[PDB]
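Number of protein chains: 2
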Amino acid sequence: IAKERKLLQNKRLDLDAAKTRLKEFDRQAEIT
Amino acid sequence: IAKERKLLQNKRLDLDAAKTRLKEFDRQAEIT
Numbered sequence: 158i159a160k161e162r163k164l165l166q167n168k169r170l171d172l173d174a175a176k177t178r179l180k201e202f203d204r205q206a207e208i209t
Numbered sequence: 158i159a160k161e162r163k164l165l166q167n168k169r170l171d172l173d174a175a176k177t178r179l180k201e202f203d204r205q206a207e208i209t
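Residue numbers (the UniProt record's numbering), protein chains in the order written: chain A, 158 to 180, 201 to 209; chain B, 158 to 180, 201 to 209.
Quick caveat, the hints were computed from the structure, so don't treat them as lab data.
You may find that some hints are simply not true.
Identical copies carry no separate label here, and so any pair may be met within one copy or between two of them.
What the hints assert, rightly or not - Straight-line distance between alpha carbons at most 30 Å, and here's what the computed DSS-like set of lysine-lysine pairs gives:
hint, residue 1, residue 2
1, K160, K180
2, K168, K180
3, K163, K176
4, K176, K160
Using the sequences and the hints given, assemble the complete structure.
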């Protein structure tokens, strides 16, 4: 549980930095 | 053309590293 939430807190900022820079959050959030 | 293929060669490895790590390739590939 700690590993999956630790990787969720890693991949949430990756999703946010991906979706902000216009011109794996989902699976990690699912297991968490 | 060089900018779009340079960003395609950046985002293809991002798609591959996203899809390999189980448990924006498309738009960049489209413009390229």
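Now the hints, each set against the structure:
Within a single copy, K160 and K180 get their C-alpha atoms only as close as 33 Å, which misses the 30 Å cut-off; across copies the closest is 12 Å, which meets it. Proximity of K168 and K180 under a CA criterion of 30 Å is satisfied in both settings, with 21 Å inside one chain copy and 12 Å between copies. In this homomeric assembly, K163 and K176 come within 30 Å of each other (Cα to Cα) both inside a single copy, at 21 Å, and across copies, at 20 Å. For the homomeric pair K176 and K160, the shortest alpha-carbon distances inside one copy (24 Å) and between copies (20 Å) are both at most 30 Å.
Violated hints for the displayed structure: none, as all numbered hints are satisfied.
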